[PDB]
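One-letter residues, chain by chain:
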Amino acid sequence: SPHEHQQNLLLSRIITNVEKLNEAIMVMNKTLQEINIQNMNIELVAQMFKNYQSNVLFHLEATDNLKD
Amino acid sequence: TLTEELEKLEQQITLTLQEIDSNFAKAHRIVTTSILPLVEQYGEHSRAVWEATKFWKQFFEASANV
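Those sequence lines, one after another, are chains L and V.
Residue 145 is where the first sequence starts when you use our numbering, and the numbers rise one by one after that.
Residue 115 is where the second sequence starts when you use our numbering, and the numbers rise one by one after that.
If you are wondering where the hints come from, they were derived from the structure by calculation, not from laboratory data.
Among the clues, some could well be false.
As the list claims (entries may be wrong) - Taking CB as the label site, the calculated pair distances span:
#: 1; chain 1: L; residue 1: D208; chain 2: V; residue 2: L152; range: 32 to 38 Å
#: 2; chain 1: L; residue 1: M192; chain 2: V; residue 2: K140; range: 36 to 42 Å
#: 3; chain 1: V; residue 1: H142; chain 2: L; residue 2: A206; range: 22 to 28 Å
#: 4; chain 1: V; residue 1: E154; chain 2: L; residue 2: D208; range: 37 to 43 Å
#: 5; chain 1: V; residue 1: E119; chain 2: L; residue 2: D208; range: 18 to 24 Å
Using N, Cα and C, we set each Cβ at its ideal position, and we do this for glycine too.
Sequences and hints are given; from them, build the entire structure.
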């Protein structure tokens with residue numbers, strides 16, 4: 145019985161920490177979701193310069209390349 | 115690799131097309147360069163030769179015409 149009271153009280157502070165933790169995590173995921181939208185643009189441009197480098201390399205190798 | 119070779123060979127194709135155009139235009143320039151005046155000179159000298167033959171042909175015509 146007294147042990148149970150102690151356990152219930154510790155469980156109460158536990159549950160409060162649980163809810164606070166998860167609320168912060170909700171904010172975390174929400175933040176990342178909003179961020180995500182501001183990343184696809186950059187990703188596209190990254191792949192654009194990537195394939196640019198790839199294709200220009202292939203063509204330079206085709207012509208008189210001037211590498212090492 | 116796949117799209118790499120695709121774009122690579124595509125560029126090769128375009129380059130080769132431009133090269134074909136270059137060779138083609140080179141032949142065009144050769145003909146348009148001086149071939150036409152050359153044959154004009156040829157025909158001019160040939161015309162002079164016809165003036166040369168213009169004399170002796172008369173005698174052959176005379177032989178046919180007694």
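Which earlier hints can't be squared with this structure? none
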